[PDB]
Amino acid sequence: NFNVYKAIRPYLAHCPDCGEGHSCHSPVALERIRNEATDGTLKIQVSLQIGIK
Amino acid sequence: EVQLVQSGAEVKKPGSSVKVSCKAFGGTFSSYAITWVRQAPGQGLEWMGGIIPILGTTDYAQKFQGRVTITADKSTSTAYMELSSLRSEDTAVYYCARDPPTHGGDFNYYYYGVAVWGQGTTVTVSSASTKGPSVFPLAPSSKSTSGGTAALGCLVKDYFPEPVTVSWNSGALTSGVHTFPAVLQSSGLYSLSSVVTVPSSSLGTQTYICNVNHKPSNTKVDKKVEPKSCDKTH
Amino acid sequence: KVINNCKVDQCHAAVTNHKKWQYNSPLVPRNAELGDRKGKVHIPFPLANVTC
Amino acid sequence: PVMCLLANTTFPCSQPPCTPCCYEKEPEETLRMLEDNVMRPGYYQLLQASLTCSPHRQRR
Amino acid sequence: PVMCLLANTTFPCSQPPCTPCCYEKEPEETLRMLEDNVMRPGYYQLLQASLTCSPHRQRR
Amino acid sequence: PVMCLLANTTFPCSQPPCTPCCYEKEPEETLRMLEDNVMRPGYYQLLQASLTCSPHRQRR
Amino acid sequence: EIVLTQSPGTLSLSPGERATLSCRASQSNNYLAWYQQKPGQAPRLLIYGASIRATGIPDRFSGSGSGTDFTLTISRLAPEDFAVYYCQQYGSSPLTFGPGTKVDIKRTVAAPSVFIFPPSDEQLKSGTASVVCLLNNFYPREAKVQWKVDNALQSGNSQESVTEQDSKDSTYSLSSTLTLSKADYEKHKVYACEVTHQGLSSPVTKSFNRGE
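Residue numbers (the entry's author numbering), protein chains in the order written: chain A, 5 to 57; chain B, 1 to 234; chain C, 215 to 266; chain D, 5 to 64; chain E, 5 to 64; chain F, 5 to 64; chain G, 1 to 212.
Hints in this document: simulated from the structure, not taken from any laboratory.
Ideal Cβ placement from N, Cα and C applies to all residues, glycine included.
It is possible that some hints are incorrect.
Stated by the list, open to error - Label pairs and their in silico Cβ distance ranges:
#, chain 1, residue 1, chain 2, residue 2, range
1, C, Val216, B, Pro140, 32 to 38 Å
2, C, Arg251, B, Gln65, 51 to 57 Å
3, G, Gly199, F, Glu32, 38 to 44 Å
4, B, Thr58, A, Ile12, 26 to 32 Å
5, E, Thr34, B, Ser17, 47 to 53 Å
6, B, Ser129, C, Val216, 25 to 31 Å
7, F, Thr56, B, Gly148, 38 to 44 Å
Please model the entire structure based on the sequences and the hints provided.
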């Protein structure tokens with residue numbers, strides 16, 4: 005089901021490097037990258053939620 | 001030091017715009033990143049969850065807009081701030097008159113070699129209507145206090161808005177009198193105290209009266225003071 | 215709410231009634247040690263097998 | 005049908021005994037409903053009904 | 005301590021020998037002031053008093 | 005180091021407790037006031053403040 | 001990240017000598033600065049930390065830091081140095097201000113200098129019983145309100161809020177108002193106001209009668 009995004013919300017989590025070389029609490033905290041697809045496409049999981057307001 | 005200025009205090013109702021202003025002068029013809037800090041009545045400095053430094057984009061901190069909506073501006077020496085569709089809890093003193101607040105972690109950085117501060121200004125988001133204190137205890141009664149050792153004085157209650165006008169016999173009493181000011185009570189109204197505290201052999205000799213007005217409304221009262229140490233009270 | 219005889223560090227506070235949930239990620243704390251108060255999301259984009 | 009539960013109650017999973025779109029009625033229901041069971045194959049029929057069913061403004 | 009100089013004159017550094025906002029009034033001041041004078045341990049404070057002048061527009 | 009105390013309160017090393025004059029108001033004050041915290045560096049300013057008794061005509 | 005924390009949660013000193021306020025976080029790198037607020041009034045700058053000093057005023061107040069910790073000192077603090085002190089480092093996802101360390105000038109010791117005063121006297125339409133209790137002059141603030149009215153220990157049935165500090169004296173006030181119904185101005189012949197205070201561990205009171 006697609007509407008499960010009503011029940012759940014984004015979060016800040018800790019991030020190793022926010023750009024200036026320092027760790028932060030971040031809204032774009034990056035959780036795991038999975039790269040099983042042998043065509044070299046990546047599936048990335050992030051603490052945002054995208055495609056919903 | 002850079003010279004700092006603001007617009008005067010205000011009284012407001014929820015669901016409308018407030019157009020606060022600040023001016024910074026001597027150098028700073030482009031603002032030296034001055035920023036609209038704000039403090040809620042009597043609290044520790046929990047600050048503006050809105051505006052951080054501005055003079056090119058209306059940058060806020062990671063909190064406001066979500067409850068109540070705020071923005072700021074970048075004119076020459078002149079830093080307007082607009083807070084709008086607000087609620088009673090947005091009543092605070094606002095201290096625009098502040099240093100460069102260097103934004104560590106995302107863009108660019110600021111100086112040390114000159115200090116800059118200044119005064120604050122108040123917006124009074126409030127339910128009350130224009131009303132002086134004089135019609136409550138002061139007009140019908142005599143003013144009286146009982147301490148006998150040294151606790152002697154007078155009181156004023158539930159005026160709105162600010163400010164008080166307060167006085168005593170021939171004005172010269174103000175040099176011995178001590179006065180203890182108001183803040184906005186939860187009912188939307190103000191309360192004020194004023195006292196003549198001295199040991200009875202250095203107090204009992206004279207005669208005393210007290211005079212109060214509310215200059216937004218001109219509801220004047222002048223009254224007999226009956227302190228328990230004086231023979232005018234015996 | 216108010217307490218009458220205390221320093222700022224003799225006290226501690228946090229938001230606590232939550233009607234919205236999160237992925238149970240590492241790198242944020244757990245709600246309680248107990249068998250956790252749940253919900254599940256189907257995740258998008260499965261592997262296809264296909265020609266390159 | 006396959007069946008789903010909450011404390012003293014047990015019901016067919018296809019929709020809960022709560023009024024339709026029950027999360028919209030009670031946003032803290034699920035942190036009861038999925039505390040005491042989740043593992044049975046009807047729970048993922050139940051989750052769809054919990055978050056996606058008709059108000060008075062809807063029909064099939 | 006030690007102090008600054010200008011031509012025929014020796015004087016303390018932290019206010020100008022010319023009238024304040026001295027760079028705004030007479031911007032070629034450095035072309036008299038700073039031929040060999042850059043060696044002075046007070047030059048940093050002469051510079052701060054000359055440019056960040058605390059001019060009549062400011063207050064303390 | 006961090007400041008000294010009076011043992012009545014964590015009052016700083018040297019200051020007047022309510023008035024000047026100390027020993028000239030009661031001579032057995034040394035008995036209470038100078039027993040032990042003289043082992044903290046700031047208490048030599050208490051011997052300045054107490055024994056230079058500072059009645060109204062002693063002035064700067 | 002972090003949130004700044006200031007080491008003294010209360011302090012109290014006579015006129016003269018020295019203070020040493022302190023603040024901590026697990027990092028520094030971009031300057032925090034120390035600011036003084038007098039009661040009822042706007043802040044002002046005293047210090048910058050992290051590596052290098054700045055000031056607005058001559059060097060009676062000065063400060064420095066080491067590792068994780070940052071400090072502010074005041075010399076000969078006899079003036080209006082009753083104040084609360086803060087610091088901030090502004091940037092990115094939250095860092096914020098310190099909590100507010102407060103230090104005061106140690107007034108001469110006295111019991112609560114409290115007051116009571118007559119209401120709207122003659123008229124009895126509604127609300128004209130409304131006398132007020134005020135806290136005044138005493139320190140430190142281990143204190144709470146108490147009442148001895150209707151000839152008993154009272155709480156509730158009052159209109160309540162704080163009021164500013166006693167200017168030519170030292171400390172805070174409030175306007176606890178006995179909003180009793182109508183005739184209650186003259187039902188009970190005694191009013192008495194009281195303080196509960198965890199340093200005194202006991203009551204202190206004042207009282208009046210009509211015409212005194």
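Results for each hint:
Between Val216 of chain C and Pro140 of chain B the Cβ separation comes to about 35 Å, which falls inside the hinted range of 32 to 38 Å. Between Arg251 of chain C and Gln65 of chain B the beta carbons are some 31 Å apart, a value that contradicts the proposed interval 51 to 57 Å. The supplied range of 38 to 44 Å is broken by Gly199 of chain G and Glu32 of chain F, whose beta-carbon atoms lie about 27 Å from each other. A C-beta distance of roughly 31 Å is found between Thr58 of chain B and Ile12 of chain A, which places it inside the suggested range of 26 to 32 Å.
For the pair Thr34 of chain E and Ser17 of chain B, the supplied restraint of 47 to 53 Å holds, since their beta-carbon distance comes to about 50 Å. Range check, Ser129 of chain B to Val216 of chain C: about 29 Å between beta-carbon atoms, so the 25 to 31 Å window is met. For the hinted restraint 38 to 44 Å between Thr56 of chain F and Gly148 of chain B, the CB-CB distance of approximately 40 Å keeps it satisfied.
When held up to the earlier numbered hints, the structure conflicts with 2, 3 and fits the remainder.
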